[PDB]
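Below: the structure, in structure tokens.
Part of the complex only, each chain left as placed.
Chains: A and B, in written order; residue numbering restarts at 1 for each.
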């Protein structure tokens, strides 16, 4: 219940929040890349 | 032409985004005690 120990646990939780945000970003890159792959191979030759 | 699809990918971002919100909920929960 120490003040300093309570502060560390909040930063550790905040870091895990950031890590999942980073995973989300990586998947947004895959999503957008899927759009570029879909028009460069399916729409442009059509 | 076949319709475009990454529903699996977008659903994974929704799921990951909910985990991020829960971590913030844990953090703000501890700060309220200080």
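Simple rule for what comes next: a residue touches a chain if its C-beta (ideal position, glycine included) is under 8 Å from a C-beta of that chain, and two chains touch if they have at least 3 such contacts.
Colleague: What would the formula be if every copy in the file were counted?
Modeller: A x3, B x3
The definition used in the following text is that only the chains that are shown with their structure count from here on.
Colleague: Measuring from the mean C-alpha position of chain A to the mean C-alpha position of chain B, what distance in angstrom results?
Modeller: 9
Colleague: For chain B, which residues count as touching chain A in their complex?
Modeller: For chain B paired with chain A, touching residues are 1-2, 4, 6, 9-10, 12-13, 16-17, 19-21, 23-24, 26-28, 30-31, 33-34.
Colleague: Name, in rising order, each residue of chain A that touches chain B in their complex.
Modeller: Residues 3, 6-7, 9-11, 13-14, 16-18, 20-21, 23-24, 27-28, 30-31, 34-35, 38, 42-43, 46 of chain A touch chain B in their complex.
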